[PDB]
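In structure tokens, the next block holds one chain alone, the form deposited without the ligand.
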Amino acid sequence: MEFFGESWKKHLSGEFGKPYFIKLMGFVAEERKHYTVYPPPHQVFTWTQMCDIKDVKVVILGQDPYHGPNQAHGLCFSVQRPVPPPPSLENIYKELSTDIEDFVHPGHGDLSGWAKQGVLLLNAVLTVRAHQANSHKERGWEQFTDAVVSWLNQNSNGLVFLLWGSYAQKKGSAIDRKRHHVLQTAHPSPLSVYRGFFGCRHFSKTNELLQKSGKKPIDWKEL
């Protein structure tokens, strides 16, 4: 048992020997020698440990991990107990409450329950230097997450991609818009939420698009 889930390691292993990835991991290792980097090494790839790669039905793509202590744990927008939901997640919960009739604030911020149902909780960038948002951008993470999105695009049909924010939206060109459903809106952060996130109804729309393709809907309340 390791950092990468078996099925993800098997299909993404071709990236490991590529120069950008070797250099990216070197950069991250060097950053950890001088600064506090989030999430810890063992949690950078938690998004690969929740379900099999072939069981992915929905992909939520954020910007980068939470940059505060004890927050990021490798699943986008998620925080393990007893850490309270950060601002971006409180906004996700508010949208879910107005979008899904049965949804109420669960009392925690752990999104493992969604990930276990086949919801890939990914960020465009997978590490961040403490207290500095998007500090690890354009270092190689985007090419790796492009590989993840491209694999899902080429080897699956009818997935739902929820691209939240400008950085996540750059992955729109790696997806065949006629074969998969791409939903784009502003990032849920308080700084951008009013630019489209509130009222986007992405959660009900995702379930309707899944049910149309004959696939089982996501139980957003299963947390």
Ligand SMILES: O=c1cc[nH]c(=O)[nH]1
The other form holds:
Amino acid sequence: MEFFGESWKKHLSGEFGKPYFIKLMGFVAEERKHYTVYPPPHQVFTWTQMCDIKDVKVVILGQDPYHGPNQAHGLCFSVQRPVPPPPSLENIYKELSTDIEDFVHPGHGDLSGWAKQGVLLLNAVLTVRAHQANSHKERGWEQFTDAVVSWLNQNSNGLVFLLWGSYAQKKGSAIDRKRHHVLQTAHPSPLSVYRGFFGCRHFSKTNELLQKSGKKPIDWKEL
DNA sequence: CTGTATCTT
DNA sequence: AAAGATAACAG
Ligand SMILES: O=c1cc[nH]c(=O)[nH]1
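Let's see the other form, the form solved in complex with the ligand, since the form deposited without the ligand is already up.
Now the complete complex, all chains and molecules, led by this one.
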């Protein structure tokens, strides 16, 4: 039992031996010696421990992990108790509130509830240097998350991809737009939320798309 | 008033 | 590549 959930490791292990991955892990290792890197090592792959890869139905793709102390824990936009929801998450909650009638602020920021239902909470970049947004971009993470997106794209069907922000949107070309649904909008951070995230209705839209594909909708309130 | 993207150069 | 300009609002 460890970092990678079994089904994910089984389908993503081929990346482990590739030079970019070995180099990526080396960079992250080196960074952790000189700076605080988020999330902690045992939580970088939390997104593989919530459900079987074949049970993924929705993929929310963010930019990179929260860069503040105690925030990031491996699920994009999620913070474990007792850490209060960061600005981005408060905005996600505000959107859910107007988008989903029954949605009410859960009193915490832990999104494991969605992840357990098949919502992959992935970030384009999986580690970040403390206090430096997107500091670990272009070091190899993108190729790894490309592998995750590619596998899902090729082996699943009717997945709903939620690409939040410019960086997450780089994965768009990797998805078969007829085989899957790709919804794109601005990143929920206060610095960009006003550019489309508010009013995007991605949560209700995701459920509509799921229902049309004959899949059970995500209970966004189940947190 | 300080901290939490996106576009342009 | 990296940083300036722009931007919106909570604590
Ligand atoms: O996990 C997170 C948190 C904030 N912003 C992101 O892109 N991802």
